[PDB]
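Chemist: Each chain, written out:
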Amino acid sequence: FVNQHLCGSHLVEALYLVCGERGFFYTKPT
Amino acid sequence: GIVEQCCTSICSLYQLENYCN
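In order, the protein sequences belong to chains B and A. For the first sequence, the deposited numbering puts the final residue at 30, and the numbers step up evenly by one. For the second sequence, the deposited numbering puts the final residue at 21, and the numbers step up evenly by one.
No wet-lab data here; the hints were simulated from the structure. Don't take every hint at face value.
What the hints assert, rightly or not - Distance windows between CB atoms, simulated:
{"id": "1", "chain 1": "B", "residue 1": "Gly8", "chain 2": "A", "residue 2": "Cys20", "range": "14 to 20 Å"}
{"id": "2", "chain 1": "A", "residue 1": "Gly1", "chain 2": "B", "residue 2": "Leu17", "range": "14 to 20 Å"}
{"id": "3", "chain 1": "A", "residue 1": "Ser9", "chain 2": "B", "residue 2": "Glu21", "range": "17 to 23 Å"}
{"id": "4", "chain 1": "B", "residue 1": "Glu21", "chain 2": "A", "residue 2": "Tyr14", "range": "16 to 22 Å"}
{"id": "5", "chain 1": "A", "residue 1": "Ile10", "chain 2": "B", "residue 2": "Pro29", "range": "25 to 31 Å"}
{"id": "6", "chain 1": "B", "residue 1": "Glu21", "chain 2": "A", "residue 2": "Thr8", "range": "18 to 24 Å"}
{"id": "7", "chain 1": "B", "residue 1": "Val2", "chain 2": "A", "residue 2": "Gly1", "range": "25 to 31 Å"}
{"id": "8", "chain 1": "A", "residue 1": "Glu17", "chain 2": "B", "residue 2": "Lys28", "range": "23 to 29 Å"}
{"id": "9", "chain 1": "A", "residue 1": "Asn18", "chain 2": "B", "residue 2": "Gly8", "range": "25 to 31 Å"}
{"id": "10", "chain 1": "B", "residue 1": "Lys28", "chain 2": "A", "residue 2": "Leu13", "range": "15 to 21 Å"}
{"id": "11", "chain 1": "A", "residue 1": "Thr8", "chain 2": "B", "residue 2": "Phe25", "range": "16 to 22 Å"}
{"id": "12", "chain 1": "B", "residue 1": "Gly8", "chain 2": "A", "residue 2": "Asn21", "range": "16 to 22 Å"}
{"id": "13", "chain 1": "A", "residue 1": "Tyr14", "chain 2": "B", "residue 2": "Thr30", "range": "24 to 30 Å"}
{"id": "14", "chain 1": "B", "residue 1": "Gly23", "chain 2": "A", "residue 2": "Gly1", "range": "16 to 22 Å"}
What the hints assert, rightly or not - Stretches of chain A that chain B covers, calculated by requiring three or more beta carbons in the stretch to come under 8 Å of a beta carbon on chain B:
{"id": "15", "stretch": "2–9"}
{"id": "16", "stretch": "13–20"}
Built from N, CA and C at the ideal position, the CB exists for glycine as well.
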């Protein structure tokens, strides 16, 4: 695992993969 | 801000774990 360019799915998917079942909130600009 | 940090730049899962609940 290392630095990876993410934005939407690959960000929630990245967080969903880093947080695992814990999940995350994922913020965004409006 | 992993959005502009990972979308405008890059981030590490370690930084992604900081977004966990």
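Chemist: Does each hint fit the structure? Answer for all of them.
Modeler: Do the hints match the structure? See the list:
1. Distance hint check: the CB atoms of B:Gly8 and A:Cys20 are about 18 Å apart, consistent with the given range 14 to 20 Å.
2. Between A:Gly1 and B:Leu17 the CB atoms are about 18 Å apart, so this pair conforms to the stated range of 14 to 20 Å.
3. In this structure the hint that A:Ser9 and B:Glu21 lie 17 to 23 Å apart at CB is violated, the actual value being about 28 Å.
4. Take B:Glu21 and A:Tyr14: their Cβ atoms lie about 18 Å apart, and the range 16 to 22 Å holds.
5. Checked against the given bound of 25 to 31 Å, the beta carbons of A:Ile10 and B:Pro29, roughly 18 Å apart, lie outside it.
6. The hinted range of 18 to 24 Å is not satisfied by B:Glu21 and A:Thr8, whose Cβ atoms lie roughly 29 Å apart.
7. A beta carbon spacing of about 19 Å between B:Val2 and A:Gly1 contradicts the range 25 to 31 Å that was offered as a hint.
8. Hint check: A:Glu17 to B:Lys28, Cβ distance near 18 Å, so the stated range 23 to 29 Å is violated.
9. The beta-carbon spacing between A:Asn18 and B:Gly8, approximately 19 Å, falls outside the hinted interval of 25 to 31 Å.
10. Between B:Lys28 and A:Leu13 the C-beta distance comes to about 19 Å, which sits within the given range of 15 to 21 Å.
11. Judged by the Cβ atoms, the range 16 to 22 Å given for A:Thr8 and B:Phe25 holds: they are separated by roughly 19 Å.
12. Look at B:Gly8 against A:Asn21: about 19 Å separates their beta carbons, and that is inside 16 to 22 Å.
13. Taken as a hint, the range 24 to 30 Å holds for the pair A:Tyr14 and B:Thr30, whose Cβ atoms sit roughly 27 Å apart.
14. The beta-carbon spacing between B:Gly23 and A:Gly1, approximately 18 Å, falls within the hinted interval of 16 to 22 Å.
15. A count of 6 residues in the stretch 2–9 of chain A with a Cβ less than 8 Å from any Cβ of chain B is obtained; the coverage claim is therefore met, three being the minimum.
16. With a cut-off of 8 Å between beta carbons, the stretch 13–20 of chain A has 6 residues touching chain B; three or more are needed, and the interface restraint holds.
Comparing the model with each earlier hint shows violations of hints 3, 5, 6, 7, 8, 9; every other hint is respected.
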